[PDB]
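Asker: Now for the letters of each chain:
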Amino acid sequence: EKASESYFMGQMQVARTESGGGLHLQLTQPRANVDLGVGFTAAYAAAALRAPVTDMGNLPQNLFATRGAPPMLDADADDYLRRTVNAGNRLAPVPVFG
Amino acid sequence: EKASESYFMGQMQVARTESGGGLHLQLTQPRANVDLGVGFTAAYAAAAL
Amino acid sequence: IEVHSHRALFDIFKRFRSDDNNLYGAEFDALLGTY
Amino acid sequence: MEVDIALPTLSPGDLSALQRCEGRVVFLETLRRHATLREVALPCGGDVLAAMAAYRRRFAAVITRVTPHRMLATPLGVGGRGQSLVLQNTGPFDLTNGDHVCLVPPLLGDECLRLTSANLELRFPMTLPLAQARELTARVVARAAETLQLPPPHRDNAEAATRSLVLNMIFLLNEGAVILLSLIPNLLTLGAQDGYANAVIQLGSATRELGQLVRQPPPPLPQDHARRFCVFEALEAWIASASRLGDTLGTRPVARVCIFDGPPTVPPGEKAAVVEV
Amino acid sequence: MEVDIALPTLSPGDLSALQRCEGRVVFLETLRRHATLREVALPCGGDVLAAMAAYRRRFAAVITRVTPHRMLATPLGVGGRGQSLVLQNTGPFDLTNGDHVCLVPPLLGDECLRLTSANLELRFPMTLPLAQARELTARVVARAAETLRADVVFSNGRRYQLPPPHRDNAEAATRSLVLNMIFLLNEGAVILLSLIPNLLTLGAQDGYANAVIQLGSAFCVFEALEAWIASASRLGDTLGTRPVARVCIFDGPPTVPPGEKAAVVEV
Amino acid sequence: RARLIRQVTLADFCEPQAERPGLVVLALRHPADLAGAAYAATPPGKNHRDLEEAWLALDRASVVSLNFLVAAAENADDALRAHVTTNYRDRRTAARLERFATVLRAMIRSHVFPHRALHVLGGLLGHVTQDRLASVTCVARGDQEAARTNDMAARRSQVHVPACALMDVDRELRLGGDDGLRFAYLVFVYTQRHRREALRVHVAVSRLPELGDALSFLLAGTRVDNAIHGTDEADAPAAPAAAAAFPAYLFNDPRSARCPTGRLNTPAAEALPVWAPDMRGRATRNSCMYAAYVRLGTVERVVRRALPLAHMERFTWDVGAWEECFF
Amino acid sequence: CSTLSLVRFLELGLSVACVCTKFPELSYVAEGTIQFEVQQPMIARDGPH
Amino acid sequence: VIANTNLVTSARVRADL
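Chains as they are written, first to last, in UniProt numbering: chain S, 1036 to 1133; chain P, 1036 to 1084; chain W, 16 to 50; chain V, 1 to 148, 168 to 296; chain C, 1 to 149, 157 to 225, 248 to 296; chain E, 24 to 82, 94 to 340, 348 to 368; chain Y, 51 to 99; chain Z, 297 to 305, 338 to 345.
There's no promise every hint is true.
[Unchecked claim] Derived pair list, reagent style DSBU-like, types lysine-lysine, alpha-carbon separation capped at 35 Å:
(1) W:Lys29 to Y:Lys72
(2) S:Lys1037 to W:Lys29
(3) S:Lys1037 to Y:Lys72
[What the hints assert, rightly or not] Chain S residues, not near chain E, derived (Cβ > 10 Å throughout):
(4) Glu1040
(5) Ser1054
(6) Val1131
Since the hints were derived computationally from the structure, they do not count as laboratory data.
A virtual CB, placed ideally from N, CA and C, is assigned to each residue, including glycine.
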């Protein structure tokens, strides 16, 4: 809009810090703003479409990567399921450090 | 006693340092004393409990 | 230390300036209209 | 090197309380100069073991100056051993002069800081003397190992604590440990001639019980023992291990206190100037 | 930070004898600006454990130049940007440039400065590199282990023979250490064996190894466990093995034999 | 400012004119006490004088540049071998590198590990050399570039590490973290299989103050194949006797055979059960040793740029004590 | 070589949106809130409010 | 303009339009 935001510019500040390979000069400046008029004073416009970043492929999530389910009584069936569903599943889990 | 001890005041030194919190001055002052009287010049007394 | 508020900014062109009517006695004959 | 922690807009009724936090330590994940407050955040009580383990991966930082805009904090220890600073005593016990201090998570989940201005709470830990932090860590690890102010366990990361314990223990057995064990009766017989000998052995020590309920033959001669001696290797191994026991289960001593003139002890909720070691 | 100590007027010659130990270390009680010869002193012969538990509750300090009126000292743990200070060696063997120095009580035949003039006594700890410091204690306790029912250290070419027991006042000064260090280890052994009983029946070549590896990856015994943890932590903490110095000798021979000084930087 | 160390020595292993400043140097123990301590330290079954021979085959010389040591290990990229060989002035150098390799491989075989033979100094900056006699000078505390080199082309310096050996950890372990100030650790990797063994070197940086579990998982294969092939050549007895089972059922037995102290020589106390804990040939701790590390200091940044190298950024020298990694 | 073609903000176009004004002491006075309301219009509905 | 409680009662740029 013609006046969408009041804007306040602060005063520059310097911050020296003795160091080994020379010096550092972190140079900061504070600011502030506020909207005044009633209602909104801006809007989007989703004009065009850049390339969709993710392909709408089919990655089937396997729940074996999760944790918190009671495994069944006979462990042979557990191993059978694990070895069956992890047959080249591109989400097949590997225990990495944590 | 009257003049039990002497006391010497020196020039105060101003020493500055900088941090993110701003300026951090540190004043200081050296001083020393000599025991004048020959013999003792002060005495304890545990007066009241 | 129990931070507080502060005096809010006022627009430069704020022209209340109506107490001329409301100070002690109002003279409506020609003073009006400027408000 | 002073890190910067920015804040959002909070309530004027809460900065008056957070400002009263000037000696409690925070736990950052990285040490960039500028930083936010949202990053350093902890849920309420629960699984004291999890937090105790998290107190080794993340490094501490003491805060010294608060402002409704930002927060200046001090990276506690990464490269400095003389940064004399002050931190308040938020511990239950009373710490005298020349005491190495230790950070321990708070108990019962009773004492936290529910910050409603932004819906996040910070659980500043408590500072205890080493001597009592060691007993606390010991009691908690014993209780955790048992399950295959009283808080409940978690039993999800109890496996880790009991694991580290039994590893540090299993690698204490050695070909010379049997030679040192075949002397338990010879020690118990000394436990009756001398009083200090009975003193050094506790009451329910689970060895003075063993000492009468089995017998053992002289230890069989190992291989190459005409050349190498084993009891010395065993003793050296035990020194090297036990020198590092109290760390891998609890927290290392982060710094120590030192005063000049005033009262020795600093009762809780008070500022104490400490050197860093 | 620097501390001066009120030296009373002792005597001729024996003061000049103290004037030879201008690099020793002495434990103050409180960082201050005024001290006296009485508080900075230990009995000449006592148990190594109380001296060890004393070295952890006090503040270290190195003796600088000593004028017959008063002697100056500077603590170690605290300093300004880690300055330089000389530290006289007192160990049995030398330390080379680039080592970590520790401070252990005199496990060997002690040295006790006998001030017969002023009726005080001084006792200074010893300086050792961490590697050999962690092993000299073990040699000492191992010698006593067998007598409850050979001894050679090598260092920079030359070899030492660990003077025989009670060559000094007695070996009673190093008894309690022996007794604790053996009892706690036997405790750890028995508790561990009780916790998994069948540990000693597995195949020594295969089963035991598979257990110790699959464990590395994915009268109540428990009261005894808590007690053992507490005691082992308390004892491991008070064993030195935490260097407080690092030798940095610049413009000098790379090795300092026992007796002469050396330029060390505080950690 | 920072404070330095000067150590006159022989131009054997670190050759301060061949390399430019800014690379860590190590201090080598006197070999006499190593050869001695072997006599009591090599395990049963193995040789007990082979380190004596391995040393005698290499004939004070005290320092060794990491640039030199990394070459005499398993892990190395042959470009750095070629550099060390053709760029060092010195006579007979490749032969010496071979002998040093044999020395370290003997050291691990004799259970006197090289981490107990190499203390670490700072990064060298200066040197004056006679004919085959040098006096190197390295920092010891503070940050590297507080020094002043007599090059006059680059007064200050940096820290250079062969990029072939620099193993990052966080981006490796995928902590999801954000690079700020990170520590720096020099780590050794042992492997123990009799007459078929080697040593791997690395320089590790991360935010992790306590390596521990991090290496225990990083070097999983090494620990695995080291715990099982490590007890080899030790005669273990036959199947363990059933008497070895330490009896636990007898602690809180109200009715059981008992014996007060003061009657334990050979009385009518024969009724006590026998238990023979007999441990002969099992895996000791030194058998399961696989790695050792030591803290070096703190680091901002690592960039790779040239022979491949790795320039540090604002290295602050803070050397720590050694550490075992066996569990 | 290469120059550094500077750009002014006031000479851009976006400047229409915001009124820029320098407030020198703001960082000091920013310790408290400023808190000014604005307005809201209202119709005169029949029937007594 | 900072006041106390005291009270009373261009150029030519190139742009697209």
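Asker: Now, for every hint given, state plainly whether the structure supports it.
Answerer: Hint check:
Taken as a hint, the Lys29 (chain W) and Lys72 (chain Y) pair is honoured in the structure, with Cα atoms around 20 Å apart against an allowance of 35 Å. For the given pair, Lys1037 (chain S) sits about 19 Å from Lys29 (chain W) by alpha-carbon distance, which is consistent with the 35 Å threshold. Proximity of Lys1037 (chain S) to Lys72 (chain Y) is assessed by CA-CA distance (about 19 Å); at most 35 Å being required, the pair is judged to hold. The Cβ of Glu1040 (chain S) lies farther than 10 Å from every Cβ of chain E, with a closest approach of about 32 Å, so its non-interface assignment holds.
Not every CB of chain E lies more than 10 Å from the CB of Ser1054 (chain S), the least distance being 7 Å, so the non-interface label is violated. For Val1131 (chain S), the condition that its CB be more than 10 Å from all CB atoms of chain E is violated, with the nearest at approximately 7 Å.
Of the numbered hints stated above, those contradicted by the structure are hints 5 and 6, listed in ascending order.
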